[PDB]
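One chain comes next, on its own, written as structure tokens: the form deposited in one PDB entry.
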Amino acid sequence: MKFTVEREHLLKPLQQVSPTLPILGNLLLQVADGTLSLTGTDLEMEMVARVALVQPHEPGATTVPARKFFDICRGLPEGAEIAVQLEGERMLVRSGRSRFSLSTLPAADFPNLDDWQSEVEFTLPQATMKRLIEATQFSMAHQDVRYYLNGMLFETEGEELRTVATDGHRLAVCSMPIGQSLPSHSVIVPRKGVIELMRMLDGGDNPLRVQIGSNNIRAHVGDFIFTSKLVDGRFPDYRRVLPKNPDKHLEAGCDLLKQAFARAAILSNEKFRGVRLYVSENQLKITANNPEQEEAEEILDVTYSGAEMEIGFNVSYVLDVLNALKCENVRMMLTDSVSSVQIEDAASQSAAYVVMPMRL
């Protein structure tokens, strides 16, 4: 195993592929068919990068410390040529007058994730994947005993791809058209996989090639491949919780609403975060109070014409929905004081947010 590559060709791959056991902290380097493959893994997921080899090379393979190898290459001057060779149980890195000898672990000992069959495949722009994750991600549960709520649901229906996330209290659903007839399939991608799915996008020209199996997901973009194991479990039904025939509808500007709830939040209970909403003819009154008897009150002009109502909400949940929406106007759809509110951009139905209230 021998190769010489321009530092600039190694940079992005090394940055994309980078422990419980020692070898998991190493990169699997393989020279074959005039291509250098770079592989990283944590047992649950795998990232593979392929680099073209223009300069003379010799085939073979080894494993080297991931962060040490990356930091050396990144630390080298702009336009450096990196010569890599094997000399016993060590890897030799040479550029300019710099020399590095790293400790290896055998390529044979590197974990190889089992071969699997794809059931669904589709292509989509990187921007479509970025929107889907960003619109729902904040709604995923944090270390809940119900392990399934800790990931994100990826559902294919008709010609659309959907993302769903919930913690049992609040929900986020985002659907995007894909222009391909797809079968009905639902999978749970873990938190780590979602972070990696998002990490791999550069929003550029290259489309994202997605493959979904029964217990795995694969994403291809340019010369990188990302693979993750799926969450074993059964996600709840999103349709079951979207308000039925709402009799109460409110419109208001996104920024004014976001800022009024953020000011009332300061004077709410630190652990419970309860705010009181009073809705009436073209008006919203938000009130908060805490155990030390401090009080906040915000009044806004809104477009509302239904019955007068008092409903309680956790202000972190409302603000998360509003920070998530990047629009001018917001629609709130309510029924009664003990039922959920649907929050949406007033000019787009691609994303919906459902928040369950609190009694005070």
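Residue numbers count along the first chain shown, from 1. Think of the rigid core as the biggest set of C-alphas that the two forms share within 1.5 Å after superposition. What changes on going to the form deposited in another entry:
Core-based superposition between these two forms shows that, of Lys192, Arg273, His220, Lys229, only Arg273 has its Cα displaced by 2 Å or more.
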The other form holds:
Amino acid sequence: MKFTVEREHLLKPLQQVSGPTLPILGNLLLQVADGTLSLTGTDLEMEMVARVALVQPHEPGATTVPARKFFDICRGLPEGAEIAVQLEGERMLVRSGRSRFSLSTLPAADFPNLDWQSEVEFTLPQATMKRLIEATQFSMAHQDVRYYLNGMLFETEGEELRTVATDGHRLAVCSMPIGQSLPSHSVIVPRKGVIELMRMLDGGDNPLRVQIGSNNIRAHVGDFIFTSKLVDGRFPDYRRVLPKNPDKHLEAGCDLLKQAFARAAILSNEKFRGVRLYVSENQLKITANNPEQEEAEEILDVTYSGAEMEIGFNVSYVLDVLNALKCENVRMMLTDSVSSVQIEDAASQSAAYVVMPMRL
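Let's compare: the form deposited in one PDB entry is above, so bring in the form deposited in another entry.
Below: the lone chain, stripped of partners and molecules.
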């Protein structure tokens, strides 16, 4: 196995595959075949494959090498450098100018593979997939004993793709049109997979091709291919989480609401930061207090209809929403002091957020 390639052509591929307990999982698979260098990183749950065209003389074959070391060496070389690689048994030689490196190797034969069959396929702009994941990702559970919440629902319905994420306390749902008639289907992508998929997306104009199997999801963009296993459980139905009949509607500036929440939060309990909301005619009052007897009060002029009520919220849950909205005005749709609240951009139905109240 021998190739010579510009450092420049390796950098972004290396960045992506350095993404995805067993030493060989810390290695990259390198393969030269039919004029192409392929670089694969895996963690057994997901894999990223990148391809680089080889115009300079090259010899087929494969090996695996320490990924972080190989990446650091390449990154470390000067801009414009050319990188010549040759496999020498249990070592891979790397040369560029008067810099020389010998890396240990593990056999390509030992490198783990994920085969499976695609059941649902569609293409969409990167930008749309990025939008979907950013709108919802923060509501994924992290290390919940209900495994199926540690990730993100991808659902196809009609001509829309939809993401849903929830941790049982707050929920986020976003739908975007994809312009193709689609089968009704739902899968759960593990959180680490969501994160790696999002990192593959640079917001250039580039179609993303998605293929969903019973147990896997694959996304193709440019010369990269990402594959993850799916999470095997029963995701909650967002439709059953949306408040059935909110009778109280508050509209307020997103930024003013956010800043009042953030300031009030300073004098909330540091362990469990919550604030009390009091809604009344034309007005929202946010209050916090702490074990030191300190108190914050914010009063905001707001658009409001409904009965007066008091309701508490976890500060981070609301700030997370207001941060994901990045819009001028926000609508909060309330029911009562013991029920969850629906938050959305006042001027867009693309996404919705549901948040349980917090007792204070």
